[PDB]
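First, one chain by itself: the form deposited in one PDB entry, in structure tokens.
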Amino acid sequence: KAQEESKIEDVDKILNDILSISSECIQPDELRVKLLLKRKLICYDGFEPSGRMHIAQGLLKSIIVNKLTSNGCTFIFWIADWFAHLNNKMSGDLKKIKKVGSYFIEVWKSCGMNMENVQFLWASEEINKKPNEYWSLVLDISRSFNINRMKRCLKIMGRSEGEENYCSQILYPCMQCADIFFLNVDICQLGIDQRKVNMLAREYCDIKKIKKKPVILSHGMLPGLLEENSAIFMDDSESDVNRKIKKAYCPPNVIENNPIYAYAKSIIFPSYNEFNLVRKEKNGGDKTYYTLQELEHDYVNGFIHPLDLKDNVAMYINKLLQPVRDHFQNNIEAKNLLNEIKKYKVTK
């Protein structure tokens, strides 16, 4: 027959693709086993509703999510409303956190996630449907690890250790760890800045002799726009994008920590399977890049000047944000929601 061989090849391809969009996988052979389970894998990422959405959580997220769901997975977006509250976001105000969460969902559905295999789940709603199960997990995790081990998860709250260490910094990682089991996740697909608590979950499996362990499929962090005006938001207008890109950090010849180059490589190139650099002839002229290898060689050797990369990145970000811009300009309810949340003060 040879169908067996064809299925092995199919699995190898799905595995190479799933691994492609990741900066790290813990562990690849485990991911291969999960796939042979012959079933939809559950992936998830989670989000504090803390203010307008940075393009990392919309444009970049949509690329990874569509890759995974098109390869048979279901993807949960965990709107971590209680976590934002625990982390002092939006003045702790749950009404504001809820409005922001609603705005997140509007963004995601207009930026490539209006689809059957993506679920938008609210942490508070889901915890309160099964609160004995949820909080019993949280308490059992807290019994298994000492305070220092848990303090090492502080990066998941976006915090440095030099500040005051509130007890919330213990509860939050216990709860994020519980989420991984509570949602029956196969793949934790969060930014690499979440790795500590994802590793904690794997350690908890070993402690409890739980053989079903989650695969950590972490994506890379987009560097900050600068080395409000500090990030591109998913709702930004064309002039807002143009202005923020013009002033962004884009060191000549340097890719490390370069946000402009990161947008080209991680958002724009996968979206178009190319990068078209429009330039005057005296600056090298237009050029179409078909590989990231050439783009990197050309930027590192100075063939691409920062101003040219910036102009092209701005044009592409505006093209990619068009359906979001249009949704929030033309849909009256979404326009009114954005107008409300834009007035909120951003806290921590």
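Residue numbers count along the first chain shown, from 1. Here the rigid core means the biggest group of C-alpha atoms that line up within 1.5 Å when the two forms are laid on top of each other. Compared with the form deposited in another entry:
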Second form
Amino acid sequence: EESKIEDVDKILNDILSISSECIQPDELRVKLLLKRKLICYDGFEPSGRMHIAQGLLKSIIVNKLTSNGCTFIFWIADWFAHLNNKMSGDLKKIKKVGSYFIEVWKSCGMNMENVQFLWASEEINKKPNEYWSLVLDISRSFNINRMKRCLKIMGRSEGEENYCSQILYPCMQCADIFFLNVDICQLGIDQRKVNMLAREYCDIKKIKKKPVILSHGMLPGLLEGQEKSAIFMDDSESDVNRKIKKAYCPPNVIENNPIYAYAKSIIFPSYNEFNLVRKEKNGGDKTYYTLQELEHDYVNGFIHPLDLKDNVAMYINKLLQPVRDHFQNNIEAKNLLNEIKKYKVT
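Show the same protein again, this time as the form deposited in another entry rather than the form deposited in one PDB entry.
There are no partners or other molecules in what follows, just the one chain.
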């Protein structure tokens, strides 16, 4: 039993280090000690070009989970994007974007057996009685104001026009968790309200198989007053360099620093190091083997923001290269990327 318990403890510690919040790691240990494959999932509204957090950052946690034997589902939330007034509600364009998402994921670390690309409308229509019965029962269990606390999962707020779709959307997202038999909800922190709703629903219905909530931190925006104007998976080297140099990067400050966050959350996990290239008069080249020294050097002003930007832009361009090469060589992926670049984001 020793070797069986040793690895699970170090698995949990590596998971909790790359995850911002885990609702009860004690339950996660119970599921990690199961003689089966766990079901993890994340969901995505095909609303346009893919954010760097949904591709490069996503591959880091996904490969950590799948390499231990877990299955990770990519929930292509096409009906949710239509419900959330994305892509002018055109479901035809949404499915085009969804196909572009699969091509990006397959070229940035998710061309794997333990990854599944599931379309929301396709899977719901296969078992509609089961899915919609879930949605109905969930709506019967919570009041309006409790459901309006989940408005953040759509990028909305209670200060604007609150449409009935904003009540229906979280009922369906809560239903997906049971419909997909999810063990671990691996979504961003901005999704935790509806994730806490599914656990609350289990207590109401006396369901003992409660999903574990494993939230990953939100990558801040490139500009100043931003916490969630961004790097896209299709940006060329010229675009990444232009966006990084104009980005917000306050000296000695780590919070809401999108440049440091890219180095801490994407670059460092992907390389197990951070090679900072500088001129000698600015401190010279230095190889960082721990985030503790990187944080210390930036807070104390050892790393100037200009030097951090140039290295972050260089690393991001290295990580985006297999994506660029897939879209420049796979002609069917190129035409798919060229077509979705013609859409108005709503």
